[PDB]
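Taking the form solved without the ligand, here's one chain by itself in structure tokens.
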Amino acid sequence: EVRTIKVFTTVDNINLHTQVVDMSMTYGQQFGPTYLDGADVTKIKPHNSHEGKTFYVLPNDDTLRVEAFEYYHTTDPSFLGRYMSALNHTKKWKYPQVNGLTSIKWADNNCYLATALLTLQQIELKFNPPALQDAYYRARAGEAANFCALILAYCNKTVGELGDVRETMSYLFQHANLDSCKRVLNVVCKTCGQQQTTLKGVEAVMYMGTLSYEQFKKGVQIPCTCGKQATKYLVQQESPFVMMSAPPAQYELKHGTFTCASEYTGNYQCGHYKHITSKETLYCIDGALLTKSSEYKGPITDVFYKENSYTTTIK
């Protein structure tokens, strides 16, 4: 007897594709790699309980290729497997509301993700892939498992791998509309003179070398190709926020002078991130953990600042 059930395949979990599957063959024999809300059913034969459910598959016809690219903005053939493999884990994570923000209870070295997710909720940023727009909306309401799985997939990180917040923010910014952001810098060398540079997009909102936005406006010392020390300072800035990053160092965070910041304790390959947010006082969010203080000092590695338009007075 040949038995069949009706199921739906998908790449974006919105547009469904009707399939009648033979229950005597695995999903893999019929669709290739097949996933049920994260679980790999490629080697499973259809159950009766599967009738009417949706399965993710690879984009193995033109319709699915277009649906997949329009939704995810990637054509990495390995994305689906990485996304599903992460989602199996992030579905089991907990997403507490901490001081009104969606956080992540610690698991699987996910501190860098919690700090990034907390940061996102405090800066103005619109994602370009509908997949991130949709999942981020749900993350803000507290159901962040799909968003975290997507971030892991876009960043090419596996669950358990310790990521870097700055790197993660860079990936997130690459998938956001920052076309309006503009930065103008001046570099002054006593030997070589002045050199002005204009940066746009992601490069206009990220800096590596100093944590202080004020010091960046005043001027920072950097090597010149002639061997001497040159001074670089901020000429103009058009963006809704800036990110200042630096190798972890003892740094003093003052209430009201910044938006939020990343603290990193440990060494290059192994450590722990914490998040500091400046509200009515200074709150330190460490996954599900929350403490408060009037002053904060610790190994800070990223600081976020609000911005709209800045123009130097340095002549």
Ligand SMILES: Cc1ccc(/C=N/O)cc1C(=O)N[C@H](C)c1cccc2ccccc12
Contents of the next structure:
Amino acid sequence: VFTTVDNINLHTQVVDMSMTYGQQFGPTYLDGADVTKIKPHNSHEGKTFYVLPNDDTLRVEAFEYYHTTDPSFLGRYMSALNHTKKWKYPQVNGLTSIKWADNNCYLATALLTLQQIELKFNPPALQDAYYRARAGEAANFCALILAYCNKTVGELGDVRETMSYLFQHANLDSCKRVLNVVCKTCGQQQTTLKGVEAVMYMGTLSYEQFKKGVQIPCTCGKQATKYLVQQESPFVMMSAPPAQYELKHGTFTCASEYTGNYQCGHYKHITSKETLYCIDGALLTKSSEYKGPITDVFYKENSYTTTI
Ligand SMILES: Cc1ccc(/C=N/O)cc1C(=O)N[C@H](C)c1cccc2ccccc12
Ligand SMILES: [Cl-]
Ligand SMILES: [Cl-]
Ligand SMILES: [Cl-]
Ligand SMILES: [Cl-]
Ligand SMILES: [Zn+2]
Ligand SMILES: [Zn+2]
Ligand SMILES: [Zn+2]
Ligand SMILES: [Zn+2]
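Now that we've seen the form solved without the ligand, could you pull up the form deposited with the ligand bound?
First the chain shown before, then all remaining chains and molecules of the complex.
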């Protein structure tokens, strides 16, 4: 056979057929299916098995492909893959979605979002898989998202939490956010955020409203105003607890709709194209206007400076 950790560097092994894989290699998977305690069948000649890293060469190759040394990662990935490879990944409005299964509504929403914003993932394994997802084969990429986010298939998922974890694995170093804070008493303080903190705000959906200002607590004890001075990023994510919100054609890129109770509710995806499209897994509706419960909105950006 061939053992690997990255499916790029293949290492030639000949096995014994009287001994389990797990005896000879440690935990060994096949296409997501744990074959640790199984022995070699005949239709196992020259196939390729993932192995837990058990020597320095494999640890270094694993870090260089996944950007983690966590010894649980591989098995969490292979356990998610074993489901994600059985999901359906329909093309809907020229985007790869996911057919509803195992509480994946939040992954479908994340996947659709990721195909409409500009993002470079640092770990090769994520970048390679993102590319393959864009081109319709997204099983691998969904398993990796589950593994990187410390989520198992069936677990209830927040889209903002998932985007936050993915952004922390993306190149957002360039990204810069300058805010000014205005209290009557303490006065005026400016702060510079970089990376993930530069593209995410929790507390309003409206990029407009962030530019005009929003009321926040001051440590003095008064109410103060936070407004956006300077934004340097290819997008921004604007998030709030779900509430009725109107979405106008052409004024945003895409949004997360969330219906029902904390945790056990369901997401759908709103995207602005030539009209508004609602993507609910395999299902597609369209309308010229939209009002409904929204918790995330994504906007395009490059360079913004305020006129205040
Ligand atoms: C679906 C989900 C999964 C996990 C979690 C939190 N884990 O720590 C949260 C949610 C959630 O209900 N998120 C939505 C979008 C949400 C986020 C924030 C506040 C909310 C208040 C009422 C109802 C939903 C609310
Ligand atoms: Cl890293
Ligand atoms: Cl399954
Ligand atoms: Cl679901
Ligand atoms: Cl990373
Ligand atoms: Zn990294
Ligand atoms: Zn399943
Ligand atoms: Zn103050
Ligand atoms: Zn769901």
